[PDB]
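The complex appears here minus one protein chain, its other protein chains still in place.
As written, the chain order gives the labels A, B, C, D and E, with residue 1 at the start of each chain.
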Amino acid sequence: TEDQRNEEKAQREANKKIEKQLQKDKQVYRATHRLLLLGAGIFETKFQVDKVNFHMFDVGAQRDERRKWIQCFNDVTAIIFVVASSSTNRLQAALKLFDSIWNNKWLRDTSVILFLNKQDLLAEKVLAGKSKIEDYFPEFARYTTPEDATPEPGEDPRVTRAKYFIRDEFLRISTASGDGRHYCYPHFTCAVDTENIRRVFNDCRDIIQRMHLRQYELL
Amino acid sequence: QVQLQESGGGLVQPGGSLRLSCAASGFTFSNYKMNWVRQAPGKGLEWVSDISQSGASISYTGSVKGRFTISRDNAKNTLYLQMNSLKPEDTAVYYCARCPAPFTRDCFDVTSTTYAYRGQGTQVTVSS
Amino acid sequence: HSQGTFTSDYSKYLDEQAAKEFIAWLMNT
Amino acid sequence: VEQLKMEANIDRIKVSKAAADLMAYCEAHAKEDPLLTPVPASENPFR
Amino acid sequence: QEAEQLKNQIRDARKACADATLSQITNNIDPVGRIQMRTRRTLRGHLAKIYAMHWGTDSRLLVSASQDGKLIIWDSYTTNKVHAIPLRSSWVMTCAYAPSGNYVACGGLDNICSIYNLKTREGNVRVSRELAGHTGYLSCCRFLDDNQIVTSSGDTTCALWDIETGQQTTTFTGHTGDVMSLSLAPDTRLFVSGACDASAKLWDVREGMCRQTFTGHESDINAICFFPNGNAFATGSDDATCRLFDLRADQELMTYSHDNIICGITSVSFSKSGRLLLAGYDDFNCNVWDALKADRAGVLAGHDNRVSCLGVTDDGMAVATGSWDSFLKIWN
Partner (left out) sequence: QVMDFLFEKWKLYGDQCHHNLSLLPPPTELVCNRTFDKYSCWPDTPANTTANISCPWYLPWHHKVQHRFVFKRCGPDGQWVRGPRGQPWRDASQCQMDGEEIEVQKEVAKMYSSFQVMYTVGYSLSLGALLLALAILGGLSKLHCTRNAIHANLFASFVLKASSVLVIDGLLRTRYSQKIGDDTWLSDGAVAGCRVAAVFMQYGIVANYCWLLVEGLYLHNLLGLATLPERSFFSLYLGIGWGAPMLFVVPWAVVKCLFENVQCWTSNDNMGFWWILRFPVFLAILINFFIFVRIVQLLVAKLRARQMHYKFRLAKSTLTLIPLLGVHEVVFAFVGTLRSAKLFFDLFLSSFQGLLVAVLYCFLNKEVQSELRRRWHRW
């Protein structure tokens, strides 16, 4: 009786202290936002914006095919997707990868942010001739500025036309099959880790608010 | 055994036409998407076209849009590609890829590694 | 919060009706 | 390429008698499987 | 290449052997009947999705590794968290419990297999050795003993180590695509490996090359497990079917498929006697295929999310299934 109740109580005390530790750890686990960084197709960086912990996980030590190890990022709040707009034929591959991510069985509940890097390099790439955006996307030749959205000042209308064409192409890929909480947040940038953390934090806040609203069926 | 034999190809004068046939053996061809991936010499693999199971969302890369067509016969279990208005930079080696996700439209079949569900491919060249 | 007002009015209405009953039997007898 | 070479010389085993042996083992060890036949809760630690 | 005629003769060998299969041998065998599976206990307490689990030899303590950087060791008899090891890497894909119980191995996306010492002289747990050398992610690792551990990575390779020195004693290579599953034969001398090429390769630890290759699937193989006899093994792939291969027959023996299942098998495991075959699918269920007649005879639908791992106790008295809802259930 007691010869077993002693170790039963010891195990109960161990369970109690371990449960207390788990409760303490959950408060910081649920208070931090996990992300994921991947480019066109170091391991973890922790930063903070407005007292919110962001754990941005940068894969890249793995192989090229990603149909198996990407499912683990299904619970990630937002997948950051950086794409080089300079190109050979890198942009089409990036777009196809984005489509595969969007229409994934397990990743269809995960929102995606987009970062169109190599912004300034496109200005010289559209004229060098090595990789012509018009040549590789003939439909862009007849394509003009979509709407009266204000571009950044001090730039040629051609480069903003190209960047908006890429943006609306990605948006067309995103909105073709919308079923879940997945949302696409496009952005324009030149260099990472420079005022982009604010945009990432704002988009993550929007994702969390939309998630809560969907929980309450208000949206 | 997932086998994707590829035929056709060869040397074709610029501006001509060609037919590529892909015979799939070892799996239910009518349950998977199908893709073509081309590799120019000294360059990485690039996706060209994709077709659904019976064919409802057929897409092509912008470079060859409006000049190449893709079709599939499930009863004959074969994938056909018609290449028209050929250009010299279209010279490459073509692979018939079956991205591995039945009854779903998601797949990652562009990698240059030893992709298991991609055929040996065939060579197409453009003369002067 | 008008439910409290409604039930108070109800109680007052029952009271004035019971007053009728009281004065009825008294006058009758 | 050597793996395919050294597997083409292994012994050939009759599938019929292999399946018969597997079935015989399965039926012989069936009494020791406390999952096919439900076990009384007296000797069942999960209850 | 001179291998087309070799494939021809190997296919002919398999075909000559392919007569009087178990499918029509086991017509006379009586069906096992419907099996009533009830969730005995719910081992709640994980934060993120449970992604791997393993059973101890004592059939009492089960280890479960989730994606919250946590690796719990539950006593199932009393449902008590004996240990809670905080992991350095949040992303974890596998976990193994040593047969002696001294050590627990964890392998995640960090390309590193970490061995944790549980009941060392100090009460607190810590790392014994931190194995490294794999380039891709580690998908499944299992303990041969307290000395050597065999693991399978995502770079088309498997590594047999020696923990005391942390060196690759043997490197098994020859697979194409990511290697997903890993199983050990009862004799601990041969082991099957499933990869993302619809091919399962039988390797010998003492040699280091592909002893045998078994191909019959049509998509990525996600789980694999030996028959208790050790002369056969079952394989669950993304083809939404389970195939029972055979070491001696060198070919497929039977397939476990149904018309209405459009979901790939995530985990698979036999029973103590091997009559049952419990396979955890992506449709949030766990189906018990009668491994001798290929007819489903039970569904375990206690999970609201996909089941990640599915272990069976050594004595066969229970079956514990994890899932992506952070809830691990015990069935009997």
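Just so it is clear, a contact is a pair of C-beta atoms (placed from the backbone, for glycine too) under 8 Å apart; a residue touches a chain by one contact, two chains touch by 3 or more.
S.K.: Given that one chain is not shown, what are the shown chains it touches?
M.R.: A, C, E
S.K.: Would you indicate which residue among A:14, A:52 or A:56 is in contact with the undisplayed chain?
M.R.: A:52
S.K.: Considering the complete complex, identify which of E:145, E:207 or E:304 is in touch with the unshown chain.
M.R.: In the full complex, the listed residue that touches the missing chain is E:304.
S.K.: Considering the entire assembly, which residues of chain E contact the chain that has been omitted?
M.R.: Touching the chain left out of view, chain E contributes residues 301, 304.
S.K.: Can you list, in ascending order, the chain A residues touching the missing chain?
M.R.: Interface with the chain not displayed, on the chain A side: 27-28, 30-33, 50, 52, 175, 178, 183, 185, 201, 204-206, 208-210, 212-213, 215-219.
S.K.: Mind pulling the chain C residues that touch the left-out chain?
M.R.: Its contact residues with the unshown chain are 1-8, 10-23, 25-29.
In this section, only the chains that are shown with their structure count from here on.
S.K.: For chain D and chain E, which third chains touch each of them?
M.R.: none
S.K.: Between chain pairs A-E and A-B, which one is joined by a greater number of C-beta pairs in contact?
M.R.: Counting C-beta pairs in contact, A-E comes out ahead.
S.K.: How many angstrom between the C-alpha centroids of chain D and chain C?
M.R.: Distance between chain centres, rounded to whole Å: 86 Å.
S.K.: How many Å are there between the centre of chain A and the centre of chain D, using C-alpha atoms for each centre?
M.R.: 47
S.K.: Centroid from C-alpha atoms only, then distance chain C to chain E, rounded to Å. What do you get?
M.R.: Chain centroid spacing, chain C to chain E, equals 79 Å.
S.K.: Give the residues of chain B touching no fewer than two other chains, as numbers and ranges.
M.R.: 100-101, 113, 115, in rising order.
S.K.: Between the chains shown, work out who touches whom and classify the graph as line, ring, star, complete or other.
M.R.: The chain contacts form none of line, ring, star or complete graph.
S.K.: Any two chains that touch count here, so list every such pair.
M.R.: A-B, A-E, B-E, D-E
S.K.: Under the definition above, what is the set of chain E residues touching chain D in their complex?
M.R.: Those in contact with chain D are residues 3, 6, 9-10, 13, 16-22, 25-26, 29, 32, 35-36, 40-41, 76-77, 174, 209-213, 227-229, 231-232, 246, 248-251, 253, 271-276, 291-292, 315-319, 330, 332.
S.K.: Across the complex, what residues on chain A touch chain E?
M.R.: Result: residues 8, 11-12, 14-15, 18-19, 21-22, 25-26, 29-30, 34, 43, 55, 57, 59, 61-63, 65, 67-69, 72, 74-75, 105-106 of chain A touch chain E.
S.K.: Mind listing the chain B positions that touch chain E in their complex?
M.R.: The touching residues are 1-2, 26-28, 100-103, 113-116.
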